[PDB]
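Listed next as structure tokens is one chain, alone, in the form deposited in one PDB entry.
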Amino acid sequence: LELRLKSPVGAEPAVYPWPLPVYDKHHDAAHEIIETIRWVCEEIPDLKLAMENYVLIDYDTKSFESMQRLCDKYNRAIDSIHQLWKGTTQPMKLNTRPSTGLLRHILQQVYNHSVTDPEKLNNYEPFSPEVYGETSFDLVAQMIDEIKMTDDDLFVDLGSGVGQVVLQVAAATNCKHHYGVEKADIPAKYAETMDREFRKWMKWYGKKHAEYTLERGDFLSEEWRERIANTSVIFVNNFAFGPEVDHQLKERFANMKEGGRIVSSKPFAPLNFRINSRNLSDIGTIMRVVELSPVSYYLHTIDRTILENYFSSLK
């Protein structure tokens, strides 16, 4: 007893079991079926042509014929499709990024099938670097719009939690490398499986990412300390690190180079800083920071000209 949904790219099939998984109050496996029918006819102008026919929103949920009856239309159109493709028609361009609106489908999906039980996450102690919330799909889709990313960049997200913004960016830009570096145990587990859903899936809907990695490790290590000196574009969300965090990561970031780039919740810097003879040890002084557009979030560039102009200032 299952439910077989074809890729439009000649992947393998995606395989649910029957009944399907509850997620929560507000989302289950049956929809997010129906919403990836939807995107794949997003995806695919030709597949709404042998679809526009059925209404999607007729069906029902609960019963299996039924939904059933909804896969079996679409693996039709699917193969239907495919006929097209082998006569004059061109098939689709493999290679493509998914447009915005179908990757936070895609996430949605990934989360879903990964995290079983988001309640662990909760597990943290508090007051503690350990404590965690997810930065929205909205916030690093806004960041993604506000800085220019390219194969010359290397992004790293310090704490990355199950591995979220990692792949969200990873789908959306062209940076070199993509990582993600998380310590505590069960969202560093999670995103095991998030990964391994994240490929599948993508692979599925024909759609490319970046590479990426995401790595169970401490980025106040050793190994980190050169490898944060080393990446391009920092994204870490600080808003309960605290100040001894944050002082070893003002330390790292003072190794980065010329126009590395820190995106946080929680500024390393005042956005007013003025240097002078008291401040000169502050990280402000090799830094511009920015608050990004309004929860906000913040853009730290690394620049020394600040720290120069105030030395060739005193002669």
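Positions refer to the first chain, counted from 1. Between two forms, the rigid core is the largest collection of C-alphas that superpose within 1.5 Å. What changes on going to the form deposited in another entry:
- Among the candidates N112, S232, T135, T173, the CA atom that moves 2 angstroms or more between the two forms after core superposition belongs to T135 alone.
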Second form
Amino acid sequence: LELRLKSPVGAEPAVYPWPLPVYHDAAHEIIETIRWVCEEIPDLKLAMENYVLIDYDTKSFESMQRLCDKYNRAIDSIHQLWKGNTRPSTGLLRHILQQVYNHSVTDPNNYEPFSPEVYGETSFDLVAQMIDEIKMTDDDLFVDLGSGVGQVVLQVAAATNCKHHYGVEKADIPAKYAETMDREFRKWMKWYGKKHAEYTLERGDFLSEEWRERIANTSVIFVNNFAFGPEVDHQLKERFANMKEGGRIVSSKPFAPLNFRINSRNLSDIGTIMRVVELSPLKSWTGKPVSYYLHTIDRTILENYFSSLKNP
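Same protein, different condition: the form deposited in one PDB entry was shown, now please give the form deposited in another entry.
Partners and other molecules have been left off, which leaves just the chain.
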């Protein structure tokens, strides 16, 4: 006893075992998948009997099976008509990321702010605003320092053309889940027929020796440093100090003051080599009044100070 959804692009079907997983709801996931594919393919919305998406019982195997059958037959008609890899829309991507999470993370957890279990609530929209603001290209290398189950990396890889996206996570439980998130994401993206950039989710300590040169060569760092201690903050600034001009750090708490004024007593501070701006979706956003910080490596701040001493 199972439910099957045929892929709109001819990939392997999505197979769900009945009784469906508890999770959000698995039956609603199947209905929303069908609706998303219908929104995506106008011939499919035409071929599909309208009534089948109004009249359903998620608690009935036969009712759920009939819904899947109607969709599957409509996909078959469309595949017969066509007989004779684009990036996902923002709406579809939100669905795909939630779907990937639901199929990957199965054990209870605590639902703290910006935690994997609440990604859909404020993270998804905020990461979407951030992507629109920093405008990465094929020359960029993106790294999430403390990537959790890899959700930010998956979103950014599905939305941008960076050369590569990396996620590094130290903790055992999220890094293990990231392995399933990776598989589930690649599988589901193929199922929908959607393109994503290259990415790697790995287990590791971003403060290790190996990671020193990796951070130095990164063009865009993403780091939720909100709850970081002074030691991790100090070590990170030491890593950032080796970054290239124009290198960027997107964070939840600033690494240098917004009003940093270089003088003779603060030449050791990271503020001497980076621009820092506070960004806010509120500056059409109706979500939480959130803020984030964009840091840009710029050693001309330090150069202009020495230049001004020699040229009064």
